[PDB]
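Protein chains: 4
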Amino acid sequence: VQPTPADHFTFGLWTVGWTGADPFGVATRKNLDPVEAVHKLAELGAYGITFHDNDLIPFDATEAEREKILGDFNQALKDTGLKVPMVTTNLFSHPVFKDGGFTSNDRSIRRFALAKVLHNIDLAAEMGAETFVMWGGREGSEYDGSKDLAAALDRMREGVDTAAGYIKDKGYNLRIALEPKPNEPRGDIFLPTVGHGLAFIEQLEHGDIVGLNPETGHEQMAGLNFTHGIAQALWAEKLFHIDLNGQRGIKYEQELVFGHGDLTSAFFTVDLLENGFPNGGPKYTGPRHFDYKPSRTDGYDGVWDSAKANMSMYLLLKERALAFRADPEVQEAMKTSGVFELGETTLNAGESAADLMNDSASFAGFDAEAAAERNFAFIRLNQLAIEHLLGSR
Amino acid sequence: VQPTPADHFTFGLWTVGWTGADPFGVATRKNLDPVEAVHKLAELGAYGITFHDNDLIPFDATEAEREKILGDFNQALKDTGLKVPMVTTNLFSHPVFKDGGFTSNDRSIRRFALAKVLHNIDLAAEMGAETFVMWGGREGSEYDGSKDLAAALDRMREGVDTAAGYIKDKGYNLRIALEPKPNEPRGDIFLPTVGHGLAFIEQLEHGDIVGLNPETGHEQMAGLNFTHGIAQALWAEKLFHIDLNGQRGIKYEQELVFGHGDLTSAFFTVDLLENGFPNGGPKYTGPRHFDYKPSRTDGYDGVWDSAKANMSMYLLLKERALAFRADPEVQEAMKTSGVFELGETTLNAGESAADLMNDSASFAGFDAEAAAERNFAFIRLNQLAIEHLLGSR
Amino acid sequence: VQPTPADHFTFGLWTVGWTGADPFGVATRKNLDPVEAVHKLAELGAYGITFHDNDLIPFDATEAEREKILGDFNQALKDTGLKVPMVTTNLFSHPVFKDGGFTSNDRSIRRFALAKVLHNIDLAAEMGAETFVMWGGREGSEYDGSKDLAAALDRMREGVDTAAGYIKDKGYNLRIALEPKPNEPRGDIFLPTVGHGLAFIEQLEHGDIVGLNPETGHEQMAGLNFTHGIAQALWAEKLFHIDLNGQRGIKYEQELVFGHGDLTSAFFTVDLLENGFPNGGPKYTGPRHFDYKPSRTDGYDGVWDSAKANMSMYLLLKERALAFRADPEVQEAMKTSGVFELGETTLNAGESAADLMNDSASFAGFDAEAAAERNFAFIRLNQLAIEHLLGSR
Amino acid sequence: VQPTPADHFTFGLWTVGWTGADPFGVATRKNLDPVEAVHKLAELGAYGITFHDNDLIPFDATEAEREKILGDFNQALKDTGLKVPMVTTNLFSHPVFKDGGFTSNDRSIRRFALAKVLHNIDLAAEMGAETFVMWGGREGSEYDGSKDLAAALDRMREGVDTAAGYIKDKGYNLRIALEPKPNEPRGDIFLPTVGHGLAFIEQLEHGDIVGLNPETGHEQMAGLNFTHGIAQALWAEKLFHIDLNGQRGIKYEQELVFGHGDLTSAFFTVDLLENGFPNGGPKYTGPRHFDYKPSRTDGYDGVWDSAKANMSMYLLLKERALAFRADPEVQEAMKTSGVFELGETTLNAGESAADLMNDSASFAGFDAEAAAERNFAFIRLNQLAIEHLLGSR
Ligand SMILES: OC[C@@H](O)[C@H](O)[C@@H](O)CO
Ligand SMILES: OC[C@@H](O)[C@H](O)[C@@H](O)CO
Ligand SMILES: OC[C@H](O)C(O)[C@@H](O)CO
Ligand SMILES: OC[C@H](O)C(O)[C@@H](O)CO
Ligand SMILES: [Al+3]
Ligand SMILES: [Al+3]
Ligand SMILES: [Al+3]
Ligand SMILES: [Al+3]
Ligand SMILES: [Al+3]
Ligand SMILES: [Al+3]
Ligand SMILES: [Al+3]
Ligand SMILES: [Al+3]
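Top to bottom, those sequences are chains B, A, A' and B'. A prime marks a further copy of an entry chain.
Numbering-wise, the authors' numbering puts 283 at position 282 of the first sequence, and it's gapless, one number per residue.
Numbering-wise, the authors' numbering puts 32 at position 31 of the second sequence, and it's gapless, one number per residue.
Numbering-wise, the authors' numbering puts 210 at position 209 of the third sequence, and it's gapless, one number per residue.
Numbering-wise, the authors' numbering puts 190 at position 189 of the fourth sequence, and it's gapless, one number per residue.
Any given hint might turn out to be false.
Any copy will do: because identical chains look the same in the list, a pair fits if it lies in one copy or spans two.
List of simulated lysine to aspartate or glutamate pairs, DMTMM-like, C-alpha gap at most 25 Å [unchecked claim]: (1) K169 - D360; (2) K169 - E203; (3) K41 - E388; (4) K336 - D155; (5) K69 - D356; (6) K41 - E374; (7) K336 - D302; (8) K31 - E374.
Hints listed in this document are in silico derivations from the structure and should not be mistaken for laboratory results.
Just chain B, same shape as in the assembly:
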């Protein structure tokens, strides 16, 4: 399997650009030149690149520095043909953000964080980005009494709605995508999971242009099922973007290569992305963005290898997912388990609650005993799924 930009694979400048500094150690790799990264990724078959405002332009950059960086970067893009489908703001690294940006207890910091975002929205617009991601890594708490939970959600809404209103006023072809995370760095991050993110969006005045940007590792740190999460986001029509990576359990965020964490889950995630829902429905058209980090034990060759690995893993899983669903045995297995039967409405055409209630066959004279004897055969269906993933059947 050889990737092409058609596949729409994208990488964050910070993924391959990660030098290795972690909680208990220093960087293990030298810095990666943004122009070099753009050229290497292009060479690898990537479709686009993403970045935080500060991945490209340093926090303390002067106008001449900002100008030369952007200049070089834009020339690199024009040469390679790489796209910039998504941009995001860094509201977590600088010490000023120690208590968050949008929900920092300090008001001047909140104003600064929002202004930083508004400016980044202009850059994204110039970059031609289609999605503006927001990952509130610092919005949370270690202690329960450090925040007025209601106020926090208000300040969060204020920032997001202000940003969204700005996009609307400027007429930018942009959409904001929130990225939930349970914990880390924060002990408890606000809007910890996909569901909390979706619900929050319903309280926004400009919710029409705000969606989600779920992450495999993020939902898994909460012990939840990622495929199920994105499925609900797709169902709600809020799956604006997606971050793919690997996580091996409820622990610190590993951000491994996609498919290097929960393999079977990864297989089913791609199945959903590529095949959509069995009884029909919407499909995700956005970019297949990888948000991982090359393990600090490896050198630059390993870095480029991990970039390839992400795309290979996806392409391999994809083949198996398509063959999986194409298998006639899988089709009959699906029928037997009632997969398509679930697609049938419970109530009959034009039937009301009262009608159902007074339908003896459905309740009073219903044989729940015989009904309970149905063999759903869910285990066999799963065995066929796994065999396809292994490349047996």
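On the provided structure of chain B, position chains A, A' and B' with the ligands as indicated by the hints.
Same frame as chain B, now just chains A, A' and B' with the ligands:
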């Protein structure tokens, strides 16, 4: 601390009625008479009782049996003065529900589960219940390919948005409240957490009368912060009911006495329930319902002791929560940490995104370095919180 | 892949015999005749069968009942040719064991539990079993103050170091193997993991004949790495037996089909079992025992399918594990990562601590900077591993 | 409660010296002068201080720098009167240790790591330390195939035994204490828990002087019960040292103030440390060492406050633990639950397995039914425990 019905403490018939049967053993206690339970609870200071349709009337009960049970039960209620603030349906114990009720792949089972619910709504109405809870214990899967995730959410919506319409047509003073859980008896249960529940509610046609019924142990099984969860539910004005209990980690549902799991979390949960939000806002008025199980190692005396314990724990935590907030030192500590400052809007009165952007003091000439030096003193605030909980002040 | 008794696959009578009763529901299947089970398993290609004393002979069985059961069972074994490599006692189902067997606070219960075990040792001897497993499911606590932790470990030692002495005195060709578990049905079970089990064994007087019987799902419920666990058990030469199954996260014991939980982990577990250690060392010769439960949603066909699935999964993973190591590219990748280099002793032949200390090249004049530049290429090695698992090479 | 050196509270130079740099951000505080730290801690009531070799002397320090640092430090110690009960080596921060020290696949790195340790042993000896801690943070893997698990345990044993042999040859009054940790930084760290540590110690040639140094947060990251862990370590007589801190769940290591994580667990941990075991047994005499980090949101005042908090928390919990056990009601509650009964040997004086087997009253004619009716009253005992912790009874 001695509880009174004024406190509005309620218990499920199934809590104290649990005989001890678990996954690896049989029941360790005898059959708790529902009339005896009503009398004992009344005696203990409880305000009301709750139950699954089958806790009271057996699945295979004949009309004469149903009539004598309800008759005795109603007389018990009239004597004791106990209220029945909430009722719920049992869509998990009978083998027919092995693949769920509302989202069972089998259509006839879905119809039966819904009819069972519609009938239970009439009973709740007669019982004078105010809330109708729904815990989709069996709605989920062990394998990812067993369900069409979109269809499942459709069938789920159909059921609720079937039930809710019925309530409206009948003119019942009832509100549906969903009881989210990450997993068990299922591997992955649909709408695993508060957030997923809130978001789901936004896709309903009759969402105006559907809310949540969060549980301490349920959110904790996902490793999430319960206080934060209910806070978001309160903020969204969807906190219709609440199940209080104890959970000691991410494992099977222990359903311990409230305060017997995460103590500090429990303290802050009550703080929120009693004190509400620091900068003002809504407060929970519903019943303080305990949904636990007396450990199978204990006999009936232990059962009645655990019932008392729940109320004692709450009343003890309550005193400490009130004293906590009443402490002048805690007030100044809250000021220093910026708890009230968070209650201030980021933007100024009538200020726009553009104004903020072009405010040099807020961005261009902003001193993020000096700003970063603020000592939020979150640790000291937490120490004062804990000292109050310990009765040290 | 078609299994044969040569593979030495064994199943517990209770695995396929599980009727579906779980914490929140009743049994979904009928009574599996032990003779039928023996015949079906034989037919499936199983090498042997295992069982709890009560799986075969009921707790309240009379002599005539015991005699007819054993009689029929032995005839079934003689016909099929199935072996009984392992037997275990049921010290968890009966209400008398609500607070454990060996560590129950009640002394008469401890004596009864031990006597029950001593008798079961005679049966195992007659069955020709080689391993006597012990899963202290009820040995633990929900509350910290319920037990004197030192005394508990003493009573635990007394029981084993009572049983082991008995085996020795009788001259039985048996070895005890402990089945560690973090929790359930208990909140906290004594000797929660492989390590605690191994350490405990070192305090026993008859530790020479006591080992471990690790379980995939058990170690995973603690979030630990199973392959790493058995590796340490193998290293310590205490891997007497093994229970294989699937677990999808830190939650209740799912006991899924082997390979139906953490797929990549399963692959590496088999790799270790079949290939052993790269630089040489001991290998596990015992039976490949499956300790799972056919999901309650499925009927008897599903039951027999799950039995096949376990063996298929193992055989499929096995092929991929052998091919994995046989791959020349994998061999060079292993060399580059230093897999064999780790097999080299740190100190030189006859070198002492003092010599090392005063070796400038190793410390004083050591270039830790250049040394830090080594590309271990651990990511690429993992990619090759996964590609083999997927049947991509 | 006001702490004094009599209490034997110790802090690591790196605890209060932590500037705030974490995975997703930079340091938030200025550097703490080691001499200032020694003076402040003395002032606070601390008994001693601990440090990694590099906390005090930088990796790239020249002889003159090393000499002036140690000189100033020793004068500070002599002035304040602070002791240095424990010293440890830093085998995780420098990039050379990216794949571990003792178990690094690279042999020259293993030799360097061991030499670094041997030299640190001399320093500890000069510092008058009594315990030499070893926390193998980098010894592990992200991928299963990166290491030969047997070889890894061999290299680990080689380093520890070489170090221990050195101590013996030099005649140093030192004892090595291993510090297990599940994961982080490493995805999977070797000897992840107390049990694995204890078991490993039994394979060592110089195990007589090697013990454990458990950490609250470390065992909790594995979801295990800390009190139970140290209890087994005490029982095995391997509790050489202890690291106290707070952890709120299975996630990244928070290293909060002791008592700021799991409160009830903390209470029972101190209960064990202070009260020992109910039926008698050994007690921990070592230092009460705090290994935490002042939250990066706080300034230096917060730092000093957190130092006080640790000692206050312990002293507060201590009072409640003593009063708890002193309470006559608690004594009778303990009797009823059988806490002291567990201290009774199962077998009678001079009784054998055979005697027990043939004791009808203990098996054949044993009434397991009546026996099963005992009310252990474990819930009430826990309620009394919690009430003491809250300061009610
Ligand atoms: O976890 C079990 C659930 O909480 C139920 O008992 C609900 O209270 C109502 O169905
Ligand atoms: O988790 C349940 C345990 O694994 C048992 O079933 C053992 O196999 C033997 O008692
Ligand atoms: O700005 C958010 C980025 O996409 C990531 O670095 C986060 O997901 C970290 O988890
Ligand atoms: O050298 C080990 C120290 O005691 C700590 O910093 C570790 O526990 C980190 O978890
Ligand atoms: Al991301
Ligand atoms: Al991320
Ligand atoms: Al409930
Ligand atoms: Al519940
Ligand atoms: Al088992
Ligand atoms: Al098991
Ligand atoms: Al430490
Ligand atoms: Al630590």
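Quick rundown of the hints versus the structure:
For the homomeric pair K169 and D360, the shortest alpha-carbon distance between copies (21 Å) is at most 25 Å, but the shortest distance inside one copy (52 Å) is not. Taking the shortest Cα distances, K169 and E203 sit within 25 Å of each other both inside one copy (18 Å) and across copies (24 Å). Only between protomers do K41 and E388 lie at most 25 Å apart by alpha-carbon distance; the minimum there is 24 Å, versus 36 Å within a single protomer. Proximity of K336 and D155 under a CA criterion of 25 Å is satisfied inter-copy only: 19 Å between copies versus 47 Å inside one chain copy.
Taking identical chains as interchangeable, the C-alpha atoms of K69 and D356 are never at most 25 Å apart, the minima being 72 Å within one chain and 28 Å between chains. In this assembly of identical chains, the alpha carbons of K41 and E374 lie at most 25 Å apart only when taken from different copies (21 Å versus 58 Å within one copy). For the homomeric pair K336 and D302, the shortest alpha-carbon distance between copies (16 Å) is at most 25 Å, but the shortest distance inside one copy (47 Å) is not. With identical chains, the CA atoms of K31 and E374 are at most 25 Å apart between copies only, with a shortest distance of 10 Å across copies and 63 Å within one.
Violation of the numbered hints given earlier is confined to hint 5; every other hint is satisfied by the structure.
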